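Of the protein chains in this complex, all but one are displayed in their positions.
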Amino acid sequence: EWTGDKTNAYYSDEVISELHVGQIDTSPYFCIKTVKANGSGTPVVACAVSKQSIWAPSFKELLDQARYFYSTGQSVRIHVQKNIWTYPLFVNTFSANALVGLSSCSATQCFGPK
Amino acid sequence: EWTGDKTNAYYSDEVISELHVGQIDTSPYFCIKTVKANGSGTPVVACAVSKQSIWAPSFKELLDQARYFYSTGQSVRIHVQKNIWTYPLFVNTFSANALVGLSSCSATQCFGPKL
Amino acid sequence: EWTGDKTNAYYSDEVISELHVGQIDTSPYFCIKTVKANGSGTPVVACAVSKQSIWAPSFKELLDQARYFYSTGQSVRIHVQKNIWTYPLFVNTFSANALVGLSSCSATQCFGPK
Amino acid sequence: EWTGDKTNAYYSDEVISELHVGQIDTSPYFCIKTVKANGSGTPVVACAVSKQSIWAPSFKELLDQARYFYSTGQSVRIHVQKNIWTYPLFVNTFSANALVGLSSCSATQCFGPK
Partner (left out) sequence: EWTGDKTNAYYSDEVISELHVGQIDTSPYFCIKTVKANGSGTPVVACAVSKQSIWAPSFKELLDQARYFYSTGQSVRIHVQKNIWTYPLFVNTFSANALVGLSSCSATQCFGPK
């Protein structure tokens, strides 16, 4: 697996507009909401769950990086894997997307896989 | 269990106004006080205690997040489970509420579980 | 044991004015000095030692919180237990007070045991 | 092995201008891009992968330092080992450079091996 696998999904020129932290089934988790910097389109929501899925090792790295990009409001590319989370109320509140990477986008193209 | 369980309680548009760190019964803990951004109501107090209660795994995550939101003073939704801490002097000083989640808020919507 | 135990001591309306980190007998430790926000009174010195005293479990959390309050300079209530550290040269450089809690304050009141 | 070995390569007077976090083959990783402070030259890209290469032990310290230098925008010397990463889509997105050190730079010199 890799953040950059073409089977994952990514969204360029976004900003992190919201951040949530909680716990589910003994695991810490966080979720972020992103929107296009220019205001177009609809939001992207993605979560990371510390004890769960092949992406679990990156939970702290992703949380720390999400917090920094959230604090700056700088443009980013968000990378997700769709259709991972399953608890229906959790998915309906947030989404089934697993957060799998974050790329800064301060130049012409975002610094990450495409 | 989940932050967003309907048996938990939450309060929207709160500002984290105070922060305390201490130790109780072998465990570091922290408590926060929150007040309505609009100045109404009565404060909410909640604590997290390392290695105690079902919420223990998220102690460090919630401490770091509480510190950040305390530093910005931004309006948040605070999620708690009531009647978790039982040490009576602790409860009298703070509350029995276990902190179980924190959500940022726009002016119209907080980003977290509700209803 | 609890930060708020009557057998501990506390000082309100203080600012953390100095910070020191070191090691003793294989244990990292730190010390802080505090002074009244208004300039009155006598300084308070306390230390936490990572592997020593009943307060060992709280070392990292108090170090992180001390650094935060040190960096803001805001008014705090410092909680200590007297007569804990015993190495004479250490006590004479710093004091025998163990740091056991830190509470934020406003003008007339602080958020913590009293 | 040492950051300073002559079989590594380094580039002075650089600024970290992009940062990416992800995961590959169960390992958290991050990449940075640096550009000369004065606008000359070609960008340098390097990545650290949490449990791969002889440089695995310094992953966390170099991620934290990369983040610090990125946030200040100060001039640094970046130390890499060339030709380490091998997954082609990863190398072509980023590079084969392993990140092995970061040194702050003044006007005329940098604080690190050279």
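Descriptive notes on the structure:
We call the chains A, B, C and D, going by the order they appear; numbering starts again at 1 in every chain.
Just so it is clear, a contact is a pair of C-beta atoms (placed from the backbone, for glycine too) under 8 Å apart; a residue touches a chain by one contact, two chains touch by 3 or more.
For the chain left out of this panel, the touching residue among D:11, D:30 or D:55 is D:55.
Note on the undisplayed chain: of the listed residues C:7, C:26 or C:38, the one touching it is C:26. By the touch criterion stated above, the residues of chain C touching the omitted chain are 17-28, 30-31, 33, 50, 63, 67, 71, 87, 89-90, 93.
The omitted chain makes contact with chain D at the following residues, 1-4, 55, 57-58, 60-62, 65, 68, 72, 79, 100-104, 106, 111-113.
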